[PDB]
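*Asks:* So you can see what is in the structure, the chains are spelled out below.
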Amino acid sequence: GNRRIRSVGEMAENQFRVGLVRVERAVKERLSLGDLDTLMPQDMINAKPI
Amino acid sequence: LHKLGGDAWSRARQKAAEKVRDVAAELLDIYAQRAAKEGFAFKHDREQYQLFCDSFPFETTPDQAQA
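For the record, the sequence lines run as chains C and A. Start counting the first sequence at 39; every next residue gets the next number (this note's numbering). Start counting the second sequence at 27; every next residue gets the next number (this note's numbering).
FYI, nobody ran anything at the bench for these hints, they're computed from the structure. Beta carbons are placed, not taken as given, at the ideal position from N, Cα and C, and that holds for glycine. Some clues are possibly wrong.
[Said to hold, decoys possible] Calculated pairs, DSS-like style, for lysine-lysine (alpha carbon to alpha carbon, straight line, at most 25 Å):
1) C:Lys86 x C:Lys66
2) A:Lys29 x A:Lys41
3) A:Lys29 x C:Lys66
4) A:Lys29 x C:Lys86
[To be verified] Over the 12 Å line for every Cβ pair with chain A, so calculated as not near, a few chain C residues:
5) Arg42
6) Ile43
7) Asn52
8) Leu58
9) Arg60
10) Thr76
11) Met78
12) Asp81
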């Protein structure tokens, strides 16, 4: 009652989300900086950390 | 289809605005006399014009009479 399975789905989901933490940090940095008149969801996102 | 953030629309807008600069002497002299001068008014003849209407040896079409 104190130990649990953490199967392949949940582990991959958590590694996905800790990947997403970096890219949401990146987009929050980019959007917290100005110059938003030309931005598109292509440069703030970056699939290399993911 | 200007891709978003492609800036070609901005570049063309700036280029057109350069062409649309009010130093353009091609039409801003026309707009200056538009802001300074006027035109002539023709007077109509209700009677002699009917003589040349009768000098017209056909019948006017309805779409040409309104023209």
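*Asks:* The structure should be examined with respect to each hint, and the outcome stated for every one.
*Replies:* So, going through the hints one by one against the coordinates:
1. C:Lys86 x C:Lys66: It holds: about 17 Å lies between the C-alpha atoms, which stays within 25 Å.
2. A:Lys29 x A:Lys41: Between A:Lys29 and A:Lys41 the Cα gap is close to 19 Å, so the pair holds against 25 Å.
3. A:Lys29 x C:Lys66: holds, 24 Å
4. A:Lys29 x C:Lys86: holds, 23 Å
5. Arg42: With a cut-off of 12 Å, C:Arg42 remains clear of chain A, as the shortest Cβ separation is near 46 Å.
6. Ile43: Correct as stated: the minimum Cβ-Cβ distance to chain A is 45 Å, above 12 Å.
7. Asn52: holds, 33 Å
8. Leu58: holds, 23 Å
9. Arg60: It holds; C:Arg60 is separated from chain A by about 23 Å at its closest Cβ, greater than 12 Å.
10. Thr76: With a cut-off of 12 Å, C:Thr76 comes too close to chain A, as the shortest Cβ separation is near 4 Å.
11. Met78: violated, 5 Å
12. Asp81: C:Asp81 is in fact no farther than 12 Å from some Cβ atom of chain A, at 8 Å.
Going down the numbered hints, you'll see the structure goes against 10, 11, 12, while the others check out.
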